[PDB]
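**Q** Given chain B, work out where chains D, C, F, E and A should sit, using these hints.
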Amino acid sequence: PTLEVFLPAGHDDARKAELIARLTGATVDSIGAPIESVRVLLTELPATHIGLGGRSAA
Amino acid sequence: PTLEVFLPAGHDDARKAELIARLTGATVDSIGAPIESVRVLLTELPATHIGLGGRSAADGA
Amino acid sequence: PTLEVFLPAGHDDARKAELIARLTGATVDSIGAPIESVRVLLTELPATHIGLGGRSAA
Amino acid sequence: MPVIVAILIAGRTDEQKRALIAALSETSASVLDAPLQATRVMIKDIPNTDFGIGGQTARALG
Amino acid sequence: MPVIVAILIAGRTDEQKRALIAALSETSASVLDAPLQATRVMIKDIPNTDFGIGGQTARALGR
Amino acid sequence: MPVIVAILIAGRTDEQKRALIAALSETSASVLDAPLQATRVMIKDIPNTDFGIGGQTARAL
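As given, the protein sequences belong to chains B, D, C, F, E and A, one line each in that order. Under the entry's author numbering, residues 1 to 58 are what the first sequence spells out, in order. Under the entry's author numbering, residues 1 to 61 are what the second sequence spells out, in order. Under the entry's author numbering, residues 1 to 58 are what the third sequence spells out, in order. Under the entry's author numbering, residues 65 to 126 are what the fourth sequence spells out, in order. Under the entry's author numbering, residues 65 to 127 are what the fifth sequence spells out, in order. Under the entry's author numbering, residues 65 to 125 are what the sixth sequence spells out, in order.
Same shape as in the complex, but just chain B:
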């Protein structure tokens, strides 16, 4: 399984490592994938690159 996660800039490296660990666990638990097959790609976006409801997060 490959997860591409789009998230805002501003999280420190420890938080990104926790998110990768916990999303990987959530994947193993929910669909039974072997942990070694789970890849997580965090795609960090500046607030000016995030549009929600036609409005920029900046």
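Please keep in mind that the hints were generated in silico from the structure rather than gathered at the bench. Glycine included, each C-beta is placed from N, C-alpha and C at the ideal position.
In the DMTMM-like style, the derived pairs of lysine to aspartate or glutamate whose C-alpha atoms are separated by at most 20 Å in a straight line are:
{"id": "1", "chain 1": "E", "residue 1": "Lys108", "chain 2": "E", "residue 2": "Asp78"}
{"id": "2", "chain 1": "F", "residue 1": "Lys108", "chain 2": "F", "residue 2": "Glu79"}
{"id": "3", "chain 1": "E", "residue 1": "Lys108", "chain 2": "C", "residue 2": "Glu44"}
{"id": "4", "chain 1": "A", "residue 1": "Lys108", "chain 2": "D", "residue 2": "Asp59"}
{"id": "5", "chain 1": "E", "residue 1": "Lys108", "chain 2": "B", "residue 2": "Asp29"}
{"id": "6", "chain 1": "F", "residue 1": "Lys108", "chain 2": "E", "residue 2": "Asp109"}
{"id": "7", "chain 1": "F", "residue 1": "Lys108", "chain 2": "C", "residue 2": "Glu44"}
{"id": "8", "chain 1": "A", "residue 1": "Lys108", "chain 2": "B", "residue 2": "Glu44"}
{"id": "9", "chain 1": "A", "residue 1": "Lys108", "chain 2": "D", "residue 2": "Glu44"}
{"id": "10", "chain 1": "E", "residue 1": "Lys108", "chain 2": "F", "residue 2": "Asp109"}
Taking beta-carbon pairs under 8 Å as the criterion, some of the chain F residues facing chain D (in silico):
{"id": "11", "residue": "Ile68"}
{"id": "12", "residue": "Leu72"}
{"id": "13", "residue": "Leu84"}
**A** Same frame as chain B, but now just chains D, C, F, E and A:
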């Protein structure tokens, strides 16, 4: 609806804000999506990351 | 490396296997990644889903 | 350039999809001054079982 | 935010997809201090003929 | 077509990226018997702190 927009670098914040706004409206008017459900994610690429016909945009493809 | 290849629907399984092998070789030849780390995801799209210059492929 | 991937819940009509490709291309071309003929739009249809809103699938209707 | 694209080899049950969507959304919301209702998860089912690892299709590797 | 999005762990050279654009584009065109000029490649770099395998970051290794 979720739109990932791949752009070359060189466009300013105000141009990117207009793109997010105008792509969201073009999505609401084209497929009838409720506007608070339209996500637009802009991916800015340097010229060295863009290939057109096997040539890098950095080389002036 | 994670390669997502958007291509029109309708290539047979043999062509898809050749493309996956050859793009993987091309990645190893270009950047020297460990080959087992090269993952190729073919994303087949119907012609009505492909817009080129404002016009659908269909 | 530009290249747009539009991820939609399955169900829109072919004519809605053509209108979207058109509307998204003209807009990007206009805002960015980019040539229309170079703009790519790619629609990825997602079945309602595969689309999560707030932790619930679209088929669960959440 | 966040928006999660989850690429999976085809074959999972609908119930497994619900579980995955719930788990990734709740995990992402808690870790990133974001509202749960804003999260989005999109699952892309990919046939074993269309996914390769080290140049070999998932089918060739026995799924 | 095709459009290839190639996500790489950060740190490759501009020369490696250009070589990758050339090789993926020519190879797609050759295998698919399709015109090289229409191919597109888009490279995304991702830091080692932002890429996980088996729950560990690439930085943790």
